[PDB]
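Only one chain is shown below, in structure tokens, and it's the form solved without the ligand.
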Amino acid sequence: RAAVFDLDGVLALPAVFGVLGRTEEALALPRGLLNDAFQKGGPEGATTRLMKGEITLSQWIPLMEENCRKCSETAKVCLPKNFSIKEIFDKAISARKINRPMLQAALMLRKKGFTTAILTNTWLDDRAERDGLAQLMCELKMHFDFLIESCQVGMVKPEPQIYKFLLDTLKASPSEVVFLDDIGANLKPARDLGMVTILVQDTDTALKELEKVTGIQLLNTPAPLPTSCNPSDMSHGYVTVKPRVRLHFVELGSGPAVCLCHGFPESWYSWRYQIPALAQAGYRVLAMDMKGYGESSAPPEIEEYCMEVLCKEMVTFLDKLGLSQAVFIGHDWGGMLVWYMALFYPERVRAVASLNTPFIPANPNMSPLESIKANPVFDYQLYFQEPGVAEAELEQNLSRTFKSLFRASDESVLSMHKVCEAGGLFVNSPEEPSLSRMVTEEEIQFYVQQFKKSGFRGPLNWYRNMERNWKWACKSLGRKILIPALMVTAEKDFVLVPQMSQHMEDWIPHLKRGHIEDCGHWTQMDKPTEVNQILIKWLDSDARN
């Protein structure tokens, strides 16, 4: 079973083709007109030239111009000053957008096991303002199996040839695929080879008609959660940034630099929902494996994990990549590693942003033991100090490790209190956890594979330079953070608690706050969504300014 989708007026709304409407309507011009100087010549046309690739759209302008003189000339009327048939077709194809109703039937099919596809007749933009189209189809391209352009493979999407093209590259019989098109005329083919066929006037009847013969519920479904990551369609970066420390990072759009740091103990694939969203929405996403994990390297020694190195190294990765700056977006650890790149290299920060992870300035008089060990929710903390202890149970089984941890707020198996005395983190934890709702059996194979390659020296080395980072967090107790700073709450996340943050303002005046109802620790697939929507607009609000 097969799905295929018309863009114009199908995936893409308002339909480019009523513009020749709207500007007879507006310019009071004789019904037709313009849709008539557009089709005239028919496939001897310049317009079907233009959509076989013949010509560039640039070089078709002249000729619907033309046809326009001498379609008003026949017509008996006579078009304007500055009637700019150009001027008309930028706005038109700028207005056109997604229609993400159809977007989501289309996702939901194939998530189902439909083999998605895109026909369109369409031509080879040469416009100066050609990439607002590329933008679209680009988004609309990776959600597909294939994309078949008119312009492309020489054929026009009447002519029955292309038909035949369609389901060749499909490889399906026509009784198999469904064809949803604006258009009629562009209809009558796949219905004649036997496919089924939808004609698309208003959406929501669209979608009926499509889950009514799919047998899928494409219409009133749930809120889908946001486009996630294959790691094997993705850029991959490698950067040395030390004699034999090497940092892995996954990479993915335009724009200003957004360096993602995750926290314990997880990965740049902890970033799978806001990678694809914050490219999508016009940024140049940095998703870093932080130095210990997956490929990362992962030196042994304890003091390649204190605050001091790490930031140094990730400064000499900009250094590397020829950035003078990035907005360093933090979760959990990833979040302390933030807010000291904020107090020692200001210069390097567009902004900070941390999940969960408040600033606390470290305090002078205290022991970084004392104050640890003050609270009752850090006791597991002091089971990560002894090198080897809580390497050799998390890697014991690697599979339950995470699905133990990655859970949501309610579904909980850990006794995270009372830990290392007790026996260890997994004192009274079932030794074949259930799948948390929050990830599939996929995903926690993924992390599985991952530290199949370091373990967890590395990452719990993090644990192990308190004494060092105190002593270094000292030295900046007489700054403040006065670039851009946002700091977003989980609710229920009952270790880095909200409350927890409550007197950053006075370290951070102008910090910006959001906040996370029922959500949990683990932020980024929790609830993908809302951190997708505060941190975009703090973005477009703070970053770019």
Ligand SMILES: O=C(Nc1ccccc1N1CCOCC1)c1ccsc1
The other form holds:
Protein chains: 2
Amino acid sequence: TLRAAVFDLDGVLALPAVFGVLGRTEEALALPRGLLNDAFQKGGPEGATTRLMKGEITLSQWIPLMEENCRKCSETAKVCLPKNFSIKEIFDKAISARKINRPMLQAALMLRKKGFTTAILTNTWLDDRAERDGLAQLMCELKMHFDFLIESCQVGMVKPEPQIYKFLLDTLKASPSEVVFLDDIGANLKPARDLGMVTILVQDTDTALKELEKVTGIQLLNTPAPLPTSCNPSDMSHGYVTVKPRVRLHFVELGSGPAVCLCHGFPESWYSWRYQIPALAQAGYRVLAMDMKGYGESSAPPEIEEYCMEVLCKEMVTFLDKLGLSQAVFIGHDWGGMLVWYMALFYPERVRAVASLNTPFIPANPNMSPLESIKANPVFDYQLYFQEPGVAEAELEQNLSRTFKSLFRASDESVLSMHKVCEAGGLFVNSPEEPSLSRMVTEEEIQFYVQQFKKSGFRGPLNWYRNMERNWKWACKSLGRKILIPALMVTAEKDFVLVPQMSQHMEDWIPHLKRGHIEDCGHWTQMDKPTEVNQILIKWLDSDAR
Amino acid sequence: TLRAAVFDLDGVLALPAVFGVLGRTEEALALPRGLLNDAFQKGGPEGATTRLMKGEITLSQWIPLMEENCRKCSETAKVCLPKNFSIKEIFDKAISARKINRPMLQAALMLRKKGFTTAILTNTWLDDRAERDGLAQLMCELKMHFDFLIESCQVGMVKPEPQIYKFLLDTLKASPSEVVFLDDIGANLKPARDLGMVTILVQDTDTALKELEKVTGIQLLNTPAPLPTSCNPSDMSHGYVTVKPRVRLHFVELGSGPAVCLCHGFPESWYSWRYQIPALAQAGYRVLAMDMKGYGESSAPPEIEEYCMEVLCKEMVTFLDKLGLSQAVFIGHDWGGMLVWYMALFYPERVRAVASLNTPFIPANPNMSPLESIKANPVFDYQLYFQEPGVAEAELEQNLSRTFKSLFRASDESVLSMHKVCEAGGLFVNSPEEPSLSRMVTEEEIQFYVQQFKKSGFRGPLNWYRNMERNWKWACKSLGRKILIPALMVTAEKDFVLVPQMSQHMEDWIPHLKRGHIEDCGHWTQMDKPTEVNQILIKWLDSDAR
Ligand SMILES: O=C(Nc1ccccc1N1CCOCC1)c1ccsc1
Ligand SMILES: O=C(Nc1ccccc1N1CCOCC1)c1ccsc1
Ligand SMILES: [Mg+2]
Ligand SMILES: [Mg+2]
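To test you: the structure above is the form solved without the ligand. What is the structure of the form solved in complex with the ligand?
Every chain and every other molecule in the complex is listed next, the one we just looked at coming first.
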């Protein structure tokens, strides 16, 4: 029956409420109880606060009006304001104090996911204070989670006036009994209740949520931990740079702050970073998530040498020049992990800090032909399968759904061994036609990869594997160098190919290397353990790249 | 006969040279003359400095090797190093000290413009110092001006070895007598001279430039002031955001730092900002140059109300949300100028600072119908011509070259009066078929605009003019507000439509308004006075938006 959920901001999605501070400030300052609130509310519908909340005046204009309401209110109660009394100060402090109430956001989140139309409905102001950015951030983070955000000052109406509710109903395209509205102020519920909306007076969050679970029949409270926010491809800023005339790189770009350039592996996409992109933007970074040369909307020239590490590197440098970035943080996984290490070795001036997931940095052996090196470990056999142009393309292109549904699996869900893949004559030989969906991915997400790989298929991607001689010879030029820029390695416990012990000696060549480790995590690190990954990167970014 | 010019970096494109600092440091510290340089050069082709310059080792690795060469050199001369002696310190200071030698860059610039292949050829290092960003910036600014940049450490060879010169000749695709090479070190010229290259030992810049003018037959020295750097469309990072399902905004993006969003006017393009984009990036800003709704690669829906100021505003807010920017500096010209004022009025939380070129902020008159208001000033007559859908489109679309070649003119170059354009029945009625090229623009630049406007033509653009009722009613909601965020107005002396006196009262509504004025500047401010514009914006950004 209920189809919409509407959340107040102050005192509901955001705590502590700012009436909260007015209560305390009076006590702190030992003023007559409620005096500050009488000021705030002076003149009712025609007073300074209502005009603010309607958007007739800005917050900087109302401040000295409240001041006056604070002089008048105290004259009338026969008490003197403190020397140094500051309305700007109290409110600045109150506003920066408020944070997102996480459990209310997650309860709203879940209701959206179960198909409700959600909205925020708030009395707020046109904020022009020097420090306005704090709240703009907070509102930005909140709104991307809701169908609508209605602001008293934007629409020229306020709670409790009965016209905002009509506007609300009208915006939701729904009738007053399909709607639940939670608000911390009894008076705001009053009129919603009249048109016959379910309401919830919000005191403590848990009780509110109990009422809300009880009224919607959906489990909200004590629910398992939700995934981090993901990215919907078509709501992203997409970017394009020509790095040389036949070749353009595509990327998705979110946030502001130091540039963070994410380099996916084989056979993946910018989308492989879908759970990190909002997290890092939100952490204060400018995220640039590549389609690496050969993939998605980047170009995919056919020639093998277009993908040697040297050329891939030069072209990433070109990508910075053309974007006007002197440096970026380089974060890579799998093949992108190899790429960022070599960026650190060959262009340290352009790398603010380097990090790799799963992919260790192991210096080339100048006295062992590079093919011999690979052949010396059974687990890399699929690499030799990749050599002969045509063969792996044919198999991997033959059924795209199957391909990704076969590859993108957690550590206990495997359906192919990376084992004797040459001898068996295929990567899919004893594995199913229609695999079951890994718990890591929805059908839709696989379809995204499927649709990307239909632009160029696997020639480009596989070519990354087809330059061992060339890459070996190039890498040998760096054998005297060490990596002395900031640097993080993150090992994944149950990656059975890029195993953690492989990384054991990295300190020899990167003496200040910082480490992270993720347990119970397979090869597809970003999507397998998105929560742990974000937390490790955000902590290392704030301390080492900031 | 000469076809290529090659410039050393240290001591040629960049001053003071760092051997410069080694000389001084010894004197400062009263060390045996040349001792520091004997350290630096210890071991000749097999010493620590050569391995650095070949890229065998990084700069952080060489530092403590130089230290040792500084101990050994002093033992042998029988003197003690100062307590606190610091190689890192000396070099940090030396490196941050070096700047681009402007007159050498401009002489290289001009030679490129006269069709020479240019390059930089430098002994330099893989820099991994904490402070490496300083020099990465400097190199970035330099390289975008040259066909090639050859670095000893990137190519594994050094000046004076004769193999780098072969590589040089080979990279330039030219023979040793088609090449001039300027370098501050006699020894580096030695081998270039042998293969028969013209060379120039570079002591003071002016003499060097005299030699270079004398050898190329091109005026380099005392030449008039060059325009600021422009943007070549196809070397730009191009970005795309869907702000609602039928509608995407396109922009060009350069630099890093606080976001600066440039809003062009009618009937223009992101390209109208071509001279500001590199300047502001270079000044430490993240420039986002829009195609405004209706133009270039942004979408151009046909309906008139898609272009009222309210909707244009909401959609720019949406553009920030989707890019993950809580704020941006909004800079506008003409119609974009009107837009940024209203952004400041309606979304101050999202505007870091606001600036307008030519376009004043004049509050709506609530007691005068908006059509009457326009009709009350002869100079705005072309605005009424724009009203009736179809008419202006027909004329403006009829010959695109003519249209822009007619509009884009300086103040003394006019070929149409904005005068009685309704009565005369066209904006072009008594003006030429093939106008002469304004001094402000090259044929190619006009062709760019021509090619952009062929995607949608003028319906979208003209619609910006077709919402006066609607925009008037919307604007009246803001009559109580003031603009109290940071704010700059820049008036153009000889803009005869958006005249400077029009801006006279703006202080009434924007009490902290900062001003700039440009003399001898017509309506197309950015391209008319690109040097003065950049300087006014960069100075206001650094003090007010930083
Ligand atoms: O191109 C490959 N690896 C690589 C990539 C980039 C730089 C160096 C290397 N290595 C360094 C160690 O020596 C071999 C080349 C490769 C690995 C498996 S299939 C092809
Ligand atoms: O839409 C126009 N102007 C405008 C634009 C945006 C906001 C307010 C306004 N004004 C405010 C002053 O009153 C009239 C509307 C316009 C001007 C010449 S042709 C159409
Ligand atoms: Mg509340
Ligand atoms: Mg030199």
